[PDB]
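Note sheet for the following structure.
Subset of chains shown; positions unchanged.
The letters A, B and C name the chains in turn, as written, and every chain counts its residues from 1.
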Amino acid sequence: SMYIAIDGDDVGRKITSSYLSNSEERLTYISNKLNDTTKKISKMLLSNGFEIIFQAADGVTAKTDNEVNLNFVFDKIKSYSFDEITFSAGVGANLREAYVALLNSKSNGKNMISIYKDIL
Amino acid sequence: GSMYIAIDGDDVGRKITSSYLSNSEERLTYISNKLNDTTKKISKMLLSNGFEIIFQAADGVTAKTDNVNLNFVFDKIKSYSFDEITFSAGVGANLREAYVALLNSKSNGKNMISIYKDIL
Amino acid sequence: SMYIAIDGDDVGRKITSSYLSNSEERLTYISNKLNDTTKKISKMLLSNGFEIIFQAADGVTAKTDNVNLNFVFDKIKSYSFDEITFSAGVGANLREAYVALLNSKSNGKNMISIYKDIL
């Protein structure tokens, strides 16, 4: 079993910027683009034998017992970024390891994938 | 004029992180689904009271109206609370004021609604 | 061999409240009291055979090769002031203690967690 956790990089900053500048359009644009992006990632993971566990905000968590090419999967994730919003990912044997792996990515540059085993 | 309101869930990530660290896919997918259902009921209620939805993603909902009883709208929002998840609200004459009012509600306890003109 | 990661609960919220309300006195007190509390936490840990690895902000991270974890955290609970409490995480290395801290943060507040107990 493989668990992967994906989350947008520094998304709250762009949302806070829209509020402070009183820009309904950019705030609405961001919200729509995020929802559309999380849909693409979720349907991409489904096409590669993943089971969607979580799909809300700017993150998507899925699992799978089939063989997967993380290089191809995360390559697709990076291809879904818009403006300067990237996505980080963490892989592990369970939910905890995937979450801890995601923390490692978002704390070492973001826009990257971290495999829990490679953190030890 | 146009009044704005920013609604956001209280300590939403803490329940989510707890699900990851405990390897509870049940509690995780539940929070994800119930969050999407709750924000849809919040916007639906807002549309029914003369509001225009500006943002409806993650655990928050932002809207504006040119027409409103805040105790009514906030009680409706607080009636949609599920499990240990409450909602805070911020109101102002623009997005910036509504945002700072939301920050006010989340810093002085939670499950409350603040009006920007009342913080000055 | 044993790492402990202590951190204050919801400190940024009480600081933000002082800003939005223009409460200089409360903000200064939070700064003073926070620095004194972390100092108290370190000396208490130094008295119990701990080596301080980290003492700044709203937390203290230390390790020990020798302890009364229950008594240690009980004084940590007592060091709370105003609306600010403290959580802690214990593990065999820095990663485990940190993950244990996040476990305490995500499961309430003013609680201590042991990494081997969350597995």
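One rule holds in what follows: a contact is a pair of C-beta atoms (placed from the backbone, for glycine too) under 8 Å apart; a residue touches a chain by one contact, two chains touch by 3 or more.
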Point to revise | Identical protein chains in the complete assembly, only 3 of which are shown | key: 4
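Everything below uses one rule, namely that only the chains that are shown with their structure count from here on.
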Practice item. Mind checking the centre-to-centre distance between chain A and chain B? Centres are C-alpha means, answer in whole Å. Key: 23
Review point. Per the centroid of Cα atoms for each chain, what is the distance between chain B and chain C, given in Å?
Key: 30
Practice item. Please list all residues of chain B that touch 2 or more other chains. Key: 17, 21-22
Point to revise | Interfacial residue positions of chain A with respect to chain B in the complex | key: 5, 16, 18-24, 27-28, 31, 34-35, 53-58, 61, 63, 94-96, 98-99
Study note, to complete from the structure: Within the complex, chain C is touched by chain B residues 14-15, 17-18, 21-22, 100, 103-104, 106-108, 119
